[PDB]
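There are 4 protein chains.
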Amino acid sequence: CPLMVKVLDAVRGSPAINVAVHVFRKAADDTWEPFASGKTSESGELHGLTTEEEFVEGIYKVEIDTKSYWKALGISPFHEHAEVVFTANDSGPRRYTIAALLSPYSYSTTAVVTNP
Amino acid sequence: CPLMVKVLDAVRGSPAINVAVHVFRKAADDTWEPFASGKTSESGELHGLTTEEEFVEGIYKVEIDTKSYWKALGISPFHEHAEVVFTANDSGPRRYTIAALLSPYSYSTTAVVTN
Amino acid sequence: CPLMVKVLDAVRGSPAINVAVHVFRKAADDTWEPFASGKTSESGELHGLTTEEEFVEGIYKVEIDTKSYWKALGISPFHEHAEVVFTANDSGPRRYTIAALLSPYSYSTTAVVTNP
Amino acid sequence: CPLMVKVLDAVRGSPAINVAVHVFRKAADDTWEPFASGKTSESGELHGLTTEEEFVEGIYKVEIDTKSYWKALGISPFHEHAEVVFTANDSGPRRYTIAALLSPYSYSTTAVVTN
Ligand SMILES: O=C(c1cc(O)c(O)c([N+](=O)[O-])c1)c1ccccc1F
Ligand SMILES: O=C(c1cc(O)c(O)c([N+](=O)[O-])c1)c1ccccc1F
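Quick mapping for you: the protein sequence lines, in order, are chains A, B, C and D. For the first sequence, counting from 1, position 98 maps to 98 in the numbering used here; every step adds exactly one. For the second sequence, counting from 1, position 67 maps to 67 in the numbering used here; every step adds exactly one. For the third sequence, counting from 1, position 115 maps to 115 in the numbering used here; every step adds exactly one. For the fourth sequence, counting from 1, position 82 maps to 82 in the numbering used here; every step adds exactly one.
Just so you know, the hints here were simulated from the structure itself, not pulled from any lab data. For each residue, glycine too, the CB sits at the ideal point set by N, CA and C. Some hints here could point you the wrong way.
[Claimed, not checked] Pairs of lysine-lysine, DSS-like flavour, derived with a Cα cap of 27 Å:
1) B/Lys67 with C/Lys71
2) D/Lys67 with A/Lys26
3) B/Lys6 with C/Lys39
4) A/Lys61 with D/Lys26
5) A/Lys67 with A/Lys39
6) B/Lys6 with C/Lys61
7) B/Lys6 with D/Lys26
8) B/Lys71 with C/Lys61
9) D/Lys71 with A/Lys71
10) D/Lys61 with A/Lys67
11) D/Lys6 with A/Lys61
12) B/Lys67 with A/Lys71
13) C/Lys61 with B/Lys67
14) B/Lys26 with C/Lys71
15) D/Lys26 with A/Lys67
16) D/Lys71 with C/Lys71
17) D/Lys26 with D/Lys6
18) C/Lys67 with B/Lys61
19) B/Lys61 with C/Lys61
20) D/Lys61 with D/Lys39
21) D/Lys39 with B/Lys61
22) B/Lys39 with C/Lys39
23) C/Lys67 with B/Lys71
24) B/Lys6 with B/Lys61
25) C/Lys71 with D/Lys67
26) A/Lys71 with D/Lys26
27) C/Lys26 with B/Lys67
28) A/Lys26 with D/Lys61
29) C/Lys67 with C/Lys39
[To be verified] Beta-carbon label-pair distances, calculated as ranges:
30) A/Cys1 with D/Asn115: 47 to 55 Å
31) C/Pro93 with A/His47: 25 to 33 Å
32) D/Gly38 with C/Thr114: 29 to 37 Å
33) A/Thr31 with B/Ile75: 37 to 45 Å
34) B/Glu53 with C/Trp32: 29 to 37 Å
35) D/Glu53 with B/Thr51: 38 to 46 Å
36) D/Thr97 with C/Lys39: 20 to 28 Å
With the hints as extra help, turn the sequences into a complete structure.
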């Protein structure tokens, strides 16, 4: 509930389905620790990545594997991935939606942050 | 010099070339009067639309013929066109760039206003 | 159900609430007939604009009143509104989400079109 | 000439000036090695990062220090930075512009790749 990822396809006008997403958290030693991962559903959404207990304060990286998505639709794309890096929960728990809108040579990303 | 339009293609990663662009000025009766038009260049840009003398304060609409652009590339698009409607304000900086980034089902637009 | 509008605020990282939206449909005589209107909710969404019976084939214009939104947050913005113009339902009924992401000097819009 | 970065501000409608930009090249061991860096100019652009000789095929990362930019304007932003990661490909056009459009809680990036 506290972290959701939504991915849209600007070419098709559709959810981006089956997009791999890997989340990392920065460790004490400044490495990126694997935190959670999953795939977008037929709605373009990925729920169930973490829990409010697990999703502590930290610096998180949400890596959206855009290059496999375009390639398996016959578009050799430009980017390797889209990386979204942010501090979370540093004023207490929040709910985060990380959205991405994909094109072969472009993407946009936004965050919607709500206080439960 | 006061108004430039720039159009980019997010599918090909390129300028959007030969895109028709029409600029209108809102009239006193609230209708849109033709003001300037042209086709984007090889660089995706359209310069020479107006002059400082002619580009007075008011409400302008820039209509970008995105549907024809996509059609000519053999791609089916969503929008009829992209319209950008704004007020020219003499208190702000003097040069306006209206940029548009096109995808078949999406577009982005921004204004870069400088002195 | 067949037409939904969602508006997000890129400055706040939040839904854009209380945004006025006016929908028009192009008439036979090429004028823009008022079709429906409403305001975004606290989720940034506007539902209930039309019905599948009413939402016939045509050219529709969704006008999102971005300039009142920025102004009532102390930002004099650049655009008068964001206009989204599209042909709908010309291959039978579809469900349309028109999304807009707003900044004071920029916006993006996308469509998600699904076949029920 | 082969690589330019352009950064724009969607809140002010302006170039994003004095933004730190770091470019890295992916090494054989999968670590990121510093490649080029600079600060955007008054036009929001950063030219002179590399030369045709040095800019060989490979995976590059462009990291744009968006957090410091927003902080210096007294605005609280969401992201730590914006990272753009791509492969340089000799089969495609020769000149790469990496553009970024910044808002506090959002950014857009596109590549304009030309000959
Ligand atoms: O359009 C976007 C967006 C975001 C959402 O959270 C969302 O629910 C929907 N939507 O349903 O279409 C759309 C968007 C996503 C990423 C970056 C820029 C964007 F404009
Ligand atoms: O990417 C954009 C943009 C703008 C410019 O003015 C420009 O010179 C370049 N560029 O050279 O790539 C790119 C852009 C355009 C419109 C809306 C959102 C955007 F991100």
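Does the alpha-carbon distance linking A/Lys67 and A/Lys39 stay inside the 27 Å limit? holds (14 Å)
Are D/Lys39 and B/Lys61 close enough, with their CA atoms no more than 27 Å apart? violated (35 Å)
Is the gap between the beta carbons of D/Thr97 and C/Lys39 within 20 to 28 Å? Roughly 40 Å apart at Cβ, these two residues miss the hinted range, so it is violated.
When you check the alpha-carbon spacing of D/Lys26 and A/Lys67, does it fall within 27 Å? holds (17 Å)
For the pair supplied as a hint, D/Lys67 and A/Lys26, is the alpha-carbon distance within the 27 Å limit? OK: D/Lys67 and A/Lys26 at ~17 Å, within 27 Å.
Does C/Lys67 pair with C/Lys39 here, judged by a C-alpha cut-off of 27 Å? Measuring from Cα to Cα gives roughly 14 Å; hence the hint holds.
Between D/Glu53 and B/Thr51, does the beta-carbon spacing fit 38 to 46 Å? Distance hint for D/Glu53, B/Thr51 holds at roughly 44 Å.
Hinted pair, alpha-carbon criterion (27 Å max): B/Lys6, D/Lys26. Please report holds or violated. Violated, at roughly 33 Å.
Pair hint outcome, A/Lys71 versus D/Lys26 [Cα-Cα no greater than 27 Å]: Roughly 21 Å between the alpha carbons, so the hint for A/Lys71 and D/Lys26 holds.
For a C-alpha distance cap of 27 Å, please report whether B/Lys67 and C/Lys71 respect it. violated (32 Å)
Confirm or reject the claim that B/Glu53 and C/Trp32 have a C-beta distance inside 29 to 37 Å. holds (33 Å)
Hinted pair B/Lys26 and C/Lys71, Cα distance within 27 Å: holds (21 Å)
Taken one by one, the earlier hints fail for this structure at numbers 1, 3, 7, 9, 21, 22, 23, 32 and 36, listed in ascending order.
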